[PDB]
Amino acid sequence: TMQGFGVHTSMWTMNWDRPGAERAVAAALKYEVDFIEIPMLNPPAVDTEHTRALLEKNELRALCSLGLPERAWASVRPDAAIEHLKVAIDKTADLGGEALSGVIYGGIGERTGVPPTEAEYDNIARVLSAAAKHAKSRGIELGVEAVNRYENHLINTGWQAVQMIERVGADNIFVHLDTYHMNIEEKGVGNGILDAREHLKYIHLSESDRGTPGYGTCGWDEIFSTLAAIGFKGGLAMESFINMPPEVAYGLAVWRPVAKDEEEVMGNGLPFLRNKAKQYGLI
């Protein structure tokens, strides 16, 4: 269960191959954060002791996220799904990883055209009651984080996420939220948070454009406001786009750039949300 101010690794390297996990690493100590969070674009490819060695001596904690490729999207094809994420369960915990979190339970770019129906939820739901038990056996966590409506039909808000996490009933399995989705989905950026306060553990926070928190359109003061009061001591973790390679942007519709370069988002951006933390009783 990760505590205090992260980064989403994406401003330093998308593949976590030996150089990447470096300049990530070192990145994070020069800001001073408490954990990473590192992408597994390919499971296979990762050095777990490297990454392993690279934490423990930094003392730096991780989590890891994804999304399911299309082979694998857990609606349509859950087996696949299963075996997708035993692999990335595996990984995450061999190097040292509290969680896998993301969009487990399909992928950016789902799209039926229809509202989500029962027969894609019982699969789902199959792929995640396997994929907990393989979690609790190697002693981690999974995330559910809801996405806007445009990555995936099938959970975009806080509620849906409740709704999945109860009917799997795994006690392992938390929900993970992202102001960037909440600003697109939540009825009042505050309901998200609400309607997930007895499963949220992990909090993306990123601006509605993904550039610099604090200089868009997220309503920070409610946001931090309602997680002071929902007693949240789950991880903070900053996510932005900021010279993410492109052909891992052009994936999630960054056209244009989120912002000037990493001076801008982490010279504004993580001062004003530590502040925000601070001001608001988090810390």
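Numbering follows the first chain given and starts at 1. Under this definition, the rigid core comprises the largest set of C-alpha atoms superposing within 1.5 Å between the forms. Compared with the form deposited in another entry:
- Just a single entry of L60, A249, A27, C218 exceeds or equals a 2 Å CA shift between these two forms, which is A249 (rigid core superposed).
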Contents of the next structure:
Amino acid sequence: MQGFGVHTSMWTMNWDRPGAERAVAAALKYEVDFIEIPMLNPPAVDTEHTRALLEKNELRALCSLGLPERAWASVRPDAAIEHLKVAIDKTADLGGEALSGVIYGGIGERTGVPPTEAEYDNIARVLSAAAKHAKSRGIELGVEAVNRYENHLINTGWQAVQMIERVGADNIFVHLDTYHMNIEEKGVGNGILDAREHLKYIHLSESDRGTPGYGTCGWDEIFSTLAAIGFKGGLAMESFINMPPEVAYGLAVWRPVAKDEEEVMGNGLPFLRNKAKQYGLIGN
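The structure above corresponds to the form deposited in one PDB entry; please give the structure of the form deposited in another entry next.
Partners and other molecules have been left off, which leaves just the chain.
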């Protein structure tokens, strides 16, 4: 992707037909370039209805997910491949251009001990098979590094790149998230530097998942480093005003992240757009 986008938890809990209507209508009011749609219940997504909305309103889209425990790639790789194939097909059917997020495991996945080579070997096989299926449907895959409490396998930019090189495909990119990097990166710019050759998507998410510009993320370091590495991918907001039920346990939003979507979008999006112009990011 390119330009500015929003994860649709800003506006709807589930990507059902009324939720798709609500999210797409809210998106055009902010003049964003794309939306990111959760692919958490693929058989439940009405792809024809979503595609019609996206094309009517000239909105691009990608999808993201976390794997359900029955299909965690680290331990149940055959089930993961089957699940990812379903999710890839539905993403392509609605006009999405990539499937990203925690496509290699669960949001809330934790064995209780550090990750093992056997787990990474399983993940690499899953992603290799999924990337071939994605290629057959004309979409790319994204691997999002998330913090230690949401997954034990891929937490940093450097680990995400290590997995992309372990898999050896040509259609998997790295997806970073400033909320996760705020915990995981030894200096937030290091995550961007480490991922630079594969970085195509970033969640500009505040440290408490609230309003960008009004938490602890080091935004000037983030934007300066994105400009320096020539970042030209998707800049996407992620604030859990609404919480998709299938990932609520893992995402740990126990209290409102902000007053409402009007506060987050009304203050956060102008802040991020202004920072992108300030540091001269490509496309700004």
